[PDB]
Structures are given as structure tokens and as C-alpha cells.
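This document starts with one chain, in the form deposited in one PDB entry, laid out as C-alpha cells.
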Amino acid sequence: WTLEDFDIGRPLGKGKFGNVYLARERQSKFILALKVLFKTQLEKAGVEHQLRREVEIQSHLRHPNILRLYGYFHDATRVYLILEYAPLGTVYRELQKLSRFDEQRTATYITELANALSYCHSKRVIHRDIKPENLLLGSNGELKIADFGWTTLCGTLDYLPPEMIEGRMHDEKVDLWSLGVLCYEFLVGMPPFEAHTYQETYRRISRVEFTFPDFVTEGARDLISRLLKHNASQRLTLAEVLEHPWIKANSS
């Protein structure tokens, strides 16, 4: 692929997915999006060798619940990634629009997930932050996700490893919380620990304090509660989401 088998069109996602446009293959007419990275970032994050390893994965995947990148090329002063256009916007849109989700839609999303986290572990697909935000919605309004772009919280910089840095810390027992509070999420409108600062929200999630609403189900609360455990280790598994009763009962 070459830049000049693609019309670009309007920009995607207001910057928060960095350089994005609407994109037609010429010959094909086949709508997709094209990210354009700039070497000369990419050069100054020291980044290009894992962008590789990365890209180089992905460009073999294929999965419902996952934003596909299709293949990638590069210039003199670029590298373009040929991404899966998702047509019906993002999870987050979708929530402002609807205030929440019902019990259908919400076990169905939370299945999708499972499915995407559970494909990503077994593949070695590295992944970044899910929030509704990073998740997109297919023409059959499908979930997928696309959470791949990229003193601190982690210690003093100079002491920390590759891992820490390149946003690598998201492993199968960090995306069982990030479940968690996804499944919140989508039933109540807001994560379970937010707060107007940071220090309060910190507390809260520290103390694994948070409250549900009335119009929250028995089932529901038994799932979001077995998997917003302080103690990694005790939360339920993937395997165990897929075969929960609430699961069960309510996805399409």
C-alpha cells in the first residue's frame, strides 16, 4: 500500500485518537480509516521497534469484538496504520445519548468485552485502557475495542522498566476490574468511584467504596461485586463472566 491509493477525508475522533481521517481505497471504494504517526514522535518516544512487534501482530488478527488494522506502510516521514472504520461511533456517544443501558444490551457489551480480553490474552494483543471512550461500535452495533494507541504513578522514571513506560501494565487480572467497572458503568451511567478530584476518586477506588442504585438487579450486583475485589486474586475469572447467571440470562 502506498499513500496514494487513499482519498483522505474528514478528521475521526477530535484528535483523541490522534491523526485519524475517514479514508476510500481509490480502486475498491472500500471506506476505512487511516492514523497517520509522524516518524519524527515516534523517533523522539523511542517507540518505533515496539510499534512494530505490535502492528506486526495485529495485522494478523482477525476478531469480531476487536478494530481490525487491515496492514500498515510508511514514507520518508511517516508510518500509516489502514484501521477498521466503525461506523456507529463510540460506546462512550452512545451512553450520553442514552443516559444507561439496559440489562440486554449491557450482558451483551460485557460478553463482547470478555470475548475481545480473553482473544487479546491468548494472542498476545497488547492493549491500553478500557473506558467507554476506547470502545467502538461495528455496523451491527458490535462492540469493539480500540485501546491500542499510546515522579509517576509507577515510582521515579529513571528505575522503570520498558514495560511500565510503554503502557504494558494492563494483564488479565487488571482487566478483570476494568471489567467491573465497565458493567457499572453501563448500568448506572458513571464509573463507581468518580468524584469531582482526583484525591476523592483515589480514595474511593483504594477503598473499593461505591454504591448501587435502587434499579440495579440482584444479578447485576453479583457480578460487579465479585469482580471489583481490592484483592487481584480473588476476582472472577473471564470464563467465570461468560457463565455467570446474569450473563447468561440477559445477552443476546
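Superpose the two forms; the largest set of C-alphas matching within 1.5 Å is the rigid core. Residue numbers count along the first chain shown, from 1. What changes on going to the form deposited in another entry:
Core-based superposition between the two forms leaves all of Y80, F101, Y85, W177 but one with CA shifts under 2 Å; the exception is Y80.
After superposing the rigid core, the Cα of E163 is displaced by 2 Å or more between the two forms. Core-superposed comparison between the two forms: the C-alpha position of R10 differs by no less than 2 Å. After superposition on the rigid core, the Cα atom of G141 is displaced by less than 2 Å between the two forms.
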Contents of the next structure:
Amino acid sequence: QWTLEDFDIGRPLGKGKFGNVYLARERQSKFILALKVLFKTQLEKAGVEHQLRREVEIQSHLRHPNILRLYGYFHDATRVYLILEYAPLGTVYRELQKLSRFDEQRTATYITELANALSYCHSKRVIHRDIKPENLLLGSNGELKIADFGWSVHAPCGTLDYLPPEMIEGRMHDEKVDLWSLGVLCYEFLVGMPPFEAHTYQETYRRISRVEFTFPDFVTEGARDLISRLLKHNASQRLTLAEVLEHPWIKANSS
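If the one shown is the form deposited in one PDB entry, what is the structure of the form deposited in another entry?
Chain only, nothing else included.
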């Protein structure tokens, strides 16, 4: 039954649309964690109070080294606080801006670690639906840790960039949506920008719908194959996580 007075609030770890993330310390144990501060008025305004309660429920069951822990939550009067595992090496979004693009060795490792986290998620029938660089964090030893199960549902906001055709059209969708997103991620890791980037929402809609993307000259055939086999309009055709993990290019470049 946590209260704010139990925690030493430290430095900001990031700013979000719904609230801010701060580094924190549990006064008794001296344990280092992260506290995301959400406003209650903001949550009730967009009608997502149930989604947050669903996220906490989903995260109370999941345990995996490539999934950022959510320990529980508390509120006072005006704000809601999420007790979170701290990811010392920040976001992948930030690492991507810092390095422009990743090499194949780093990319494959991230895809391998993501696939594992998704494999564990999909087996428990949990679909993430929001796989993007800003929702991927890096642990002490540089491992990928997936976070933000707010838009997660059971089997079967920002830009549209990572959302599959079935999701952007407002149709039915299963575990295969995390596979399209994984494909999109793999492309942005190597290229530096997502395959369907546009200056307008409406153009991005056209690109995703018709699956209109190209590869720059530096992308290898092994990466070209993987991404192409993932980015398919037909959800039931897309490669499985097991095939992704056993993919020649993935096996070659992964650690």
C-alpha cells in the first residue's frame, strides 16, 4: 500500500503526453526505481482509466528479463503513480537519435530479445500493439526491455508509423500485429527512419495500406528478406516469431 512519502523523487527520466517519468528511491530499502506521474483529470478526460487498470493487471502476471517490470500503482487525490523498473540506459528512441542507425549486429540482438519478450507475451495471449522505439528501453547490461502495456489487449496516440493495415483500417487483429511492428522496427534500426514515413498522416495511411516501401542501397539481402517477409498486408502470411528467431540473417548477426 505505497504512498508518495515512501519515495525520494529524483531527476526527470523523460516527458510524456500523459505525464512525466522521474528516477526514484524507496526510503527504507534504498531501492532505485522509476516513477511515472499521471494526472487523474487527464486520464478521466480521455476515458482511459480502465486501460491503466488493465495494464497493471496484465503486468502483475508477466515476468521476463526483456519486459520492464510494473510493480504496482498508487494515487493520492489528483495524480496516479506507476511503480516501474528503472532502465539505466534510457530509451532505444534516444539511442537511435544518438547513433542515427544501428549496425546489423546490434539490430539482430534487439530483434532476438524483442522476439523472446513477444514470445512470452503471445503465449500468455497478450498482444502489445504499440511496439515502437519510444516504448523500448535498455537495461543495465544493454538489453532491450519492452514497456508500456497501455494499449495492450488479449487475443485476438502518436503517428501511424508502426501500426499494421488491419489496425489502421479499424479491423480485426491478433498476435500478428506485433509481427508487422517488429518488421517496421527492424527497418528503422538499420535505416534510421521507419519504412512508411511521411509528412502527413494521410500519406502514411496510403503507404501502410498499399505496403509501399523501398530499401536504401546499404541494406543487405538478409535484412531485405526478413523485413519483406514481415511487412505483408496479409496478416496470416507474416513470418512467426519462431521463424524470425531461426532466420539465417538473425542467427548470423545476433549475440
